[PDB]
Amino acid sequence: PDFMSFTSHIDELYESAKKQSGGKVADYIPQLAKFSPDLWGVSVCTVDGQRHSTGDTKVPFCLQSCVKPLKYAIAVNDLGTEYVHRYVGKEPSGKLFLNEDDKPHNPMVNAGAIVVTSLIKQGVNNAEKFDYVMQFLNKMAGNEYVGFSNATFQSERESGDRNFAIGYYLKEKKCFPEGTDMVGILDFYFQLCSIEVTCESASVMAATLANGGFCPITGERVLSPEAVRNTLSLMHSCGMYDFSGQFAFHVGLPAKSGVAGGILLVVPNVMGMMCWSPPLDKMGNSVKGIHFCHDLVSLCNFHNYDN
């Protein structure tokens, strides 16, 4: 409807969330600790292609866990639901690495994302694999900003002892397809987490998922309907770490958060969004972003089961 009046509300919601100074910027690597707690940006991209931005929407930041639903969508687009879910589950967990079937709980947890990473473009080397994913992300963003943080990659690889423990654990329990270089897969996993985006480019990626796989700025089909439906289902139940259950109840929208302070939000057949503010709460979610998401659903009535 009237997009001009909608932007005035997005600005009001941005201003209300801006007053939330709580949270702690992630500091496990210097590449995250660097960031200012005052950084806050909201970008909207509708299914029709209408754009609106407010705040620090052109400052690049790492996708981190926000890439998990994207690399999962590529795996389903290329291999289908059946092949992918032979290796990874489709529901949240109650932490342990595997479920009762010796499979990672879902693609939104580290163990699940490491296994999904092992399914994408099997056979070729990591350089070709990375280019393949980058090309897919470029199409999803409509050729907008998609970069890479070598400093983040080197730091994640050097300090990722928990991810190496997950790696050897999955190797022991035969979780990867036959003939997988586990360490090479971890390198590719760290590379994908280090991919940089801005609120603006990432809002187009979420808009592609909100428009059934079609990019709203190019009209091009990037992902299959099967891939989008699966990704949105798992974003609705597993996207916000331990807050996933409460986010499904109070917000009810497919979303995915990252340690850099990003929250990739999808409003089915309406719009794509990307909120970003580095200070995270006890669950690891953006404080300003979680506040904004609660206000957006309460104002525009976007909830899955809102009449």
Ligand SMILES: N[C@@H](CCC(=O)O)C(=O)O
Second form
Protein chains: 2
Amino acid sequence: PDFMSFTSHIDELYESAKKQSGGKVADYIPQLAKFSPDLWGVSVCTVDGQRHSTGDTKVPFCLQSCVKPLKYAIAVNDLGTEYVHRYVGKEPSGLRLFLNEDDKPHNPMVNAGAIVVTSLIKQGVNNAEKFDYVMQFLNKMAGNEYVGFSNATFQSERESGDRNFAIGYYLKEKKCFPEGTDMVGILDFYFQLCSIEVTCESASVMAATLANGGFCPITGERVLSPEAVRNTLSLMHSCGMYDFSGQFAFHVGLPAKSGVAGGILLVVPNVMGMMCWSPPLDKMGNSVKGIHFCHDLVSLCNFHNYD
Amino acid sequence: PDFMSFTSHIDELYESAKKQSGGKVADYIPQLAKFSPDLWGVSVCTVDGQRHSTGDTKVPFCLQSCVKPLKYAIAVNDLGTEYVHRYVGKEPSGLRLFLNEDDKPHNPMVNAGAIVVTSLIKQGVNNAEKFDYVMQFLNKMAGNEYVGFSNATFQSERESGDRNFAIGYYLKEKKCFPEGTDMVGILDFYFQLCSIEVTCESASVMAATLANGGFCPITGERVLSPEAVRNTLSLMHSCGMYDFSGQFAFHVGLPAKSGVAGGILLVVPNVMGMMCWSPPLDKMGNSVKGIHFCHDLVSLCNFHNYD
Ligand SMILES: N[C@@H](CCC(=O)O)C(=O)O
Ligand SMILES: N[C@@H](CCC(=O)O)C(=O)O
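Alternative state: the form solved in complex with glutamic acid, after the form solved without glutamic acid:
Below is the whole assembly, all chains and molecules, this chain first.
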């Protein structure tokens, strides 16, 4: 209704979350540990293309696990729900290395499922063409705003990702991949996808595309099928916030996805997309200021699923 | 928009689910095993008070686990979210006897959590007054339509409920109950609540009250607080369908609760309530015809959360 007055409220919510200085910046690679704890930005993009930013909204950071819903959406878009879910389940595990009763990863939002989803995208071409394909897809989702790549993050991520290699070999042993998959090459592609860089501004438009039925709000183009969008939102609602996913569903009731860079990709269906970013993470791996901001936003604006 | 034409579609969906003859009638007590497999009814009550029934909609059956959301709602209504959730968690387990990391039952929809919720209601009075209190509450939810009691079910349920006694003593040992709780008397009250009888017709109005923000649509009275209703819908969405809850959330995306009598209490927020009932259950414990009907209903009418 009144965007300028909604904007004032976002700025007050921003300002209250800012005083919240707890948490620890991820440090398992130097490219994460570098980041200032005081960095804090929130960008909004409505379903009608209205924009508002406050704080550090033009500083690039890596999507990390925030890319998981986006590549899941790409796979469902290209391949359909049924094909994708031959390989990956549709529900939460407890707690956030094992497979479900059908020897599938529990869902696309845990590393095992994201690694499997990565193996399904653009099969038969080399990694450079797979990567370019996804990069172009994210450009459409972002209405051609900032989408980059951190080579330093990619190289450290691959050198230090012992757990992800253990998962890969485990998935190989349980036959979780499509026929003819080079698992080690899939891990590389996965590491690369984690290392894609956005700003709060550009990521908010990606979230707005999900909020707007798969149409990008600042270009008007259909980027994702209705089915892709719907599946992605369902899984972001139940599985997007690591071991906090249940509590977030209860108290906030919006589809969101967090990552270790401190991003929270938030969708308010039929209203807007947002990206909140602040490096310091709580014990569950979620941005301290962004979790605070999300609780406040739903209280103020009555955006809960079952409001 | 056009109720009479919506009604025709419900009848076609009813008719298609009817041909679905799989499943097994529960038989762990004779009061369940008695029931014909061919019994099948669907009742709708809209948020504006419009009614439609098809099939066996006036044959009483026991709420069984369908009562779980209703007593959880009563407790939050009387005591608030914060008090109730000192005792019970807010999220799914995997798979559907243990407690969460805080030694609480995972949520109100598993037996352990429902037993704890039962211990919180109307504390300090005797069981007859507790029971009368809840019966009167269900009368308000149902707009004074059919609410009864099966004494035969209550007596068999208590004689044969070895698992529930094991849970009770386990909860007693982990200190899960409020101070001064008679655990064995709480189990009785729990058995009694399972044995409350409704028809599809009367249960649909209970569901419509949840669909309508806690106001009963055929009387207009406020029965439940906004908070009670919202909490209940969140937990029905994630935890209401036993081990099928994840898949139901994905494919159907509505708050529902199933029970072993073959009932499915379904809420379509801001639109309507329904009760589907058919005794024969699938391997997960859900009504075969009602699961089929629910999938079909969401396909036809676009009622999914993230449609
Ligand atoms: N690259 C990290 C992603 C961590 C995250 O964003 O949670 C991993 O694969 O473990
Ligand atoms: N009285 C049954 C309820 C079963 C159900 O409806 O799932 C029990 O407590 O196990």
